[PDB]
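> Take a look at the letters that make up each chain.
There are 4 protein chains.
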Amino acid sequence: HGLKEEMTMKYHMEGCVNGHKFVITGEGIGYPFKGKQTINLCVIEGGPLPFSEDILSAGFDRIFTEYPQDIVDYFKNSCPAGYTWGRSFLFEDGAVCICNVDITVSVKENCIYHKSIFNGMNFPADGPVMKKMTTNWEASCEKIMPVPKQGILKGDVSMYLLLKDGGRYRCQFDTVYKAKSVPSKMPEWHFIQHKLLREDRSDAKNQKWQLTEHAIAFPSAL
Amino acid sequence: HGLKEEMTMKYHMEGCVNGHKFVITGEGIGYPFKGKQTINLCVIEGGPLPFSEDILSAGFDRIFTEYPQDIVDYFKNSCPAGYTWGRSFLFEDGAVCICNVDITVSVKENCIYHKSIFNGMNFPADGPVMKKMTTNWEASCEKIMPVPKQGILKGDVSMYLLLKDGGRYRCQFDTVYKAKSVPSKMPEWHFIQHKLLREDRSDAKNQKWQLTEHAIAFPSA
Amino acid sequence: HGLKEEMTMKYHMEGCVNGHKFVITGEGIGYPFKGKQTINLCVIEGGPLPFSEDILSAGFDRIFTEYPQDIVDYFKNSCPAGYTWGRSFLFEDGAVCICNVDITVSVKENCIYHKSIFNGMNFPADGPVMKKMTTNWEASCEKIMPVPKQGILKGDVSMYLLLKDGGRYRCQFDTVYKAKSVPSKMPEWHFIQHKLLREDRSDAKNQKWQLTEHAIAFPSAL
Amino acid sequence: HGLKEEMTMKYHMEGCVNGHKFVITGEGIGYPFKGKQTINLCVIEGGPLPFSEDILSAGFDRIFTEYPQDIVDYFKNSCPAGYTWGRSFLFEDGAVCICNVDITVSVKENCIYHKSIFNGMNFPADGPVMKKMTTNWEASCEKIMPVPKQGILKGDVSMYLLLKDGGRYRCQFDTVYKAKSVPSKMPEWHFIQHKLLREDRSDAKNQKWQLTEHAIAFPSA
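Same order as they appear, the protein sequences are chains A, B, C and D.
Everything in the first sequence is counted per our numbering, starting at 102 for the first residue and increasing by one.
Everything in the second sequence is counted per our numbering, starting at 2 for the first residue and increasing by one.
Everything in the third sequence is counted per our numbering, starting at 102 for the first residue and increasing by one.
Everything in the fourth sequence is counted per our numbering, starting at 2 for the first residue and increasing by one.
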């Protein structure tokens with residue numbers, strides 16, 4: 102698809118969570134074919150963040166998903182124009198989020214740009230988010246399905262955000278993946294298992310952390 | 002409240018619904034104390050909108066609410082600084098919207114400026130919105146409750162967008178009302194009844210519509 | 102409708118909340134035309150209840166609703182066969198409830214019988230319900246609407262359960278009202294404001310409390 | 002676990018969906034260790050059901066789950082006492098169901114008895130269920146997580162009931178798995194993948210259908 106085994110990517114997130122506007126920029130290396138990525142994020146505006154940085158995580162690339170040969174890779178096939186995605190975040194405490202990502206490709210640079218807009222609200226002031234009581238997301242299995250006569254995908258995943266107290270914090274992810282160009286081939290409903298971790302790196306001069314994700318496409322084990 | 006019986010208001014809305022970007026601007030005259038208002042909207046970008054306009058309606062002011070003396074008017078009391086609002090639209094069919102509005106009032110201009118940011122997704126292609134089969138919102142009764150120790154308000158209302166077939170289409174509105182400065186006083190939980198309508202007014206050069214809203218504050222009967 | 106100004110009623114609730122089976126019986130007096138009712142409840146089985154008794158409250162009669170003349174009283178018109186209702190309870194903490202009520206009339210006795218089945222689950226062990234941290238429901242306004250070509254009603258109300266800490270506890274009430282006989286006249290969408298209070302009366306020999314409700318039908322004040 | 006590679010099971014179901022009461026009884030053969038099972042159902046009351054049978058399917062055993070040695074099988078470990086389950090069905094169109102099952106095993110009979118209580122409402126009259134336009138459930142992947150200090154399990158899965166038009170119909174399954182006696186050990190969060198199908202087998206004297214399910218436990222890949 103014009104993809105390298107190893108890739109670099111850029112991040113620019115524009116957001117407002119519970120009235121708090123902020124600005125995050127990033128950089129990363131990834132293995133499209135490995136379904137792995139490691140990114141570095143920085144709050145260049147609105148920091149330090151008043152909420153849990155874990156809610157932004159997934160709003161930062163399905164391209165970085167190791168697909169089987171028997172399965173159509175909507176995302177990679179997306180090369181070279183890229184694609185866009187929108188996602189609803191339904192937290193168990195009533196908080197609501199919408200995220201919009203625009204994936205574009207710096208072909209010769211072999212760099213994938215990500216431009217996102219994140220909007221979240223109704224995050225309880227006592228919640229783990231407002232109280233920054235989170236730690237990491239739990240491993241998951243997302244259902245990916247094609248939209249008949251549409252050329253788009255639908256991602257369905259029930260997320261669990263692990264808290265310091267040891268508890269879980271539930272969130273429903275509902276995504277729509279839209280390729281920038283009409284897709285010749287469409288995949289069949291499948292699954293995407295993921296592993297996303299955050300490791301802070303804030304100094305005291307800057308709020309930063311590093312993200313990391315691993316994902317493999319799979320079919321129903323039946 | 003430094004407000005006038007009759008006034009004016011200006012609107013500027015930016016949004017991307019189901020990936021469709023659009024810009025809307027409006028003008029209006031209102032009666033803060035009557036809780037009445039009529040507004041004229043004109044899509045000045047992304048028109049014509051590929052979805053129903055009905056979804057954007059409420060996304061265009063709690064200042065325009067007839068409040069009883071017995072009840073604290075957090076909104077009017079919001080002067081001079083003004084206030085802001087955040088809202089989540091939970092449509093029965095899976096669609097998700099978020100709207101944030103920044104409210105500011107010009108004394109010298111006797112106008113109320115509204116700057117909204119409407120975002121929505123997961124609007125089923127064959128849905129009433131995507132297939133523009135909506136007519137009007139059914140009259141509501143919203144619940145306004147104070148957030149102890151937060152200085153903010155919470156609005157809760159179950160909306161119904163009336164369809165052409167005469168079928169209702171459900172949507173849960175969850176609002177957060179926050180004044181720009183620390184509130185001197187807080188009201189008690191109460192209700193707000195509203196009636197909002199839409200009259201199309203598009204031509205061929207531009208897509209336009211008129212909005213109207215009447216709201217009255219109330220207590221438990 | 103054969104209704105008296107003053108009425109007596111009987112209660113028999115069969116339930117299981119979070120695995121806890123219980124049995125409540127009751128008796129009450131009401132004013133159909135006043136839209137008022139006062140009932141006395143007793144846990145004859147499964148007591149003392151492990152959960153907050155406030156969740157059962159509304160599962161105990163729209164007949165007791167003061168209607169305007171301009172508005173059709175589906176419920177009273179229901180005389181003399183009575184009617185049935187089913188309701189879903191969606192609590193903010195994930196707990197789920199379904200309630201089914203069967204309203205029958207002891208015509209000459211002028212007594213209204215109520216036979217209910219209550220099923221609730223996913224009530225967090227730390228919740229106000231499990232922790233019995235509730236006190237009373239807050240006043241509400243329910244939307245009542247007709248079902249085109251069905252002869253049934255739909256009740257929509259967002260409930261708030263007041264806690265001891267002073268906080269609210271949200272619950273979505275979604276009802277279906279089915280008259281025992283084909284209705285000649287149907288009402289137009291309207292509203293029903295309610296006030297429901299609980300006043301314990303458990304001795305130490307028996308778990309009991311008294312309920313009380315006031316309700317008036319209204320049209321959109323527009 | 003006192004269980005047998007191959008076994009039998011008996012079913013008795015009582016329910017009132019949308020006010021329609023019904024009684025169902027079934028017989029089956031299963032492979033606890035294979036996580037496989039086939040069951041034969043017969044409406045012996047309230048038939049024919051006015052709604053889709055597909056809704057009752059999952060309402061008919063986590064014992065039948067192929068579990069890796071590396072993972073704790075809370076269900077099989079549930080022997081001898083057995084276990085119970087509670088589940089909420091959150092259908093996209095507003096329908097609401099609750100199902101509770103009491104699980105008991107006869108050593109001497111090598112059969113597993115299932116006593117369910119299915120309740121459901123708000124099934125849109127023109128819905129796929131009410132208009133019986135459903136075919137089968139799409140293969141799933143459920144999330145099984147332990148409840149610390151409770152001795153219970155929590156199952157989470159987003160279901161899709163396939164329609165005749167080939168359209169999917171959404172339903173959220175939220176389960177609570179509770180053993181009859183204090184568990185010696187607890188498993189770690191893991192997944193359960195399932196494949197469940199329905200083959201009609203009604204005649205004219207009785208309404209019958211066959212159910213089949215294959216489930217395998219798994220960890221994060």
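If you are wondering where the hints come from, they were derived from the structure by calculation, not from laboratory data.
The C-beta atom is built at its ideal place from N, Cα and C for all residues, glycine as well.
Warning: the hint list may mix true and false statements.
No farther apart than 20 Å at their CA atoms in a straight line, the calculated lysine to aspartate or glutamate pairs in the EDC-like style are these [what the hints assert, rightly or not]:
#1 B:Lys165 x B:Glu139
#2 C:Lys296 x B:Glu139
#3 D:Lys155 x D:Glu46
#4 A:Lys216 x A:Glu289
#5 A:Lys255 x B:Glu143
#6 B:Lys116 x A:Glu115
#7 B:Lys165 x C:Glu289
#8 B:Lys196 x B:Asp127
#9 D:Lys37 x D:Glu15
#10 C:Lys255 x B:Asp127
#11 A:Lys255 x B:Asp127
Pairwise CB distance ranges (calculated) [as the list claims (entries may be wrong)]:
#12 B:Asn137 x D:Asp127: 19 to 25 Å
#13 B:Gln211 x D:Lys150: 39 to 45 Å
#14 D:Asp157 x A:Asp266: 29 to 35 Å
#15 C:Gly120 x B:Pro49: 33 to 39 Å
> Hint by hint, say whether it matches the structure.
Structure-based check of each hint:
A distance of roughly 13 Å separates the Cα atoms of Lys165 (chain B) and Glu139 (chain B); the hinted pair therefore holds under the 20 Å criterion. At most 20 Å may separate the alpha-carbon atoms for a hinted pair to count; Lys296 (chain C) and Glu139 (chain B) exceed this at roughly 24 Å. Using a Cα cut-off of 20 Å, the hinted pair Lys155 (chain D) and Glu46 (chain D) is violated, with the two alpha carbons roughly 32 Å apart. A threshold of 20 Å between alpha carbons decides the hint, and for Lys216 (chain A) with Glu289 (chain A) the separation of about 28 Å lies outside it, so the pair is violated.
Distance restraint check for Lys255 (chain A) and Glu143 (chain B): the Cα-Cα separation of roughly 33 Å exceeds the 20 Å cut-off, and the hinted pair is therefore not satisfied. Among the hinted pairs, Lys116 (chain B) with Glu115 (chain A) is consistent with the structure: their alpha-carbon atoms are about 18 Å apart, no more than 20 Å. For the suggested pair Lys165 (chain B) and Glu289 (chain C), the alpha carbons sit about 18 Å apart, so the restraint of at most 20 Å is met. Distance restraint check for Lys196 (chain B) and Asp127 (chain B): the Cα-Cα separation of roughly 27 Å exceeds the 20 Å cut-off, and the hinted pair is therefore not satisfied.
Restraint check for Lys37 (chain D) and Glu15 (chain D): not satisfied, since their Cα atoms lie roughly 24 Å apart, outside the 20 Å limit. At roughly 25 Å between alpha-carbon atoms, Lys255 (chain C) and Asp127 (chain B) are farther apart than 20 Å, so this suggested pair is violated. Of the supplied pair hints, the one linking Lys255 (chain A) and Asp127 (chain B) holds, its CA atoms being roughly 16 Å apart against a limit of 20 Å. Checked against the given bound of 19 to 25 Å, the beta carbons of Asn137 (chain B) and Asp127 (chain D), roughly 23 Å apart, stay inside it.
Between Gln211 (chain B) and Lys150 (chain D) the beta carbons are some 59 Å apart, a value that contradicts the proposed interval 39 to 45 Å. A hinted range of 29 to 35 Å for the beta carbons of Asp157 (chain D) and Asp266 (chain A) is inconsistent with their spacing of about 20 Å. Under the hint 33 to 39 Å, the C-beta atoms of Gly120 (chain C) and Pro49 (chain B), about 55 Å apart, miss the expected range.
Checked against the numbered hints above, the structure violates hints 2, 3, 4, 5, 8, 9, 10, 13, 14 and 15; every other hint is satisfied.
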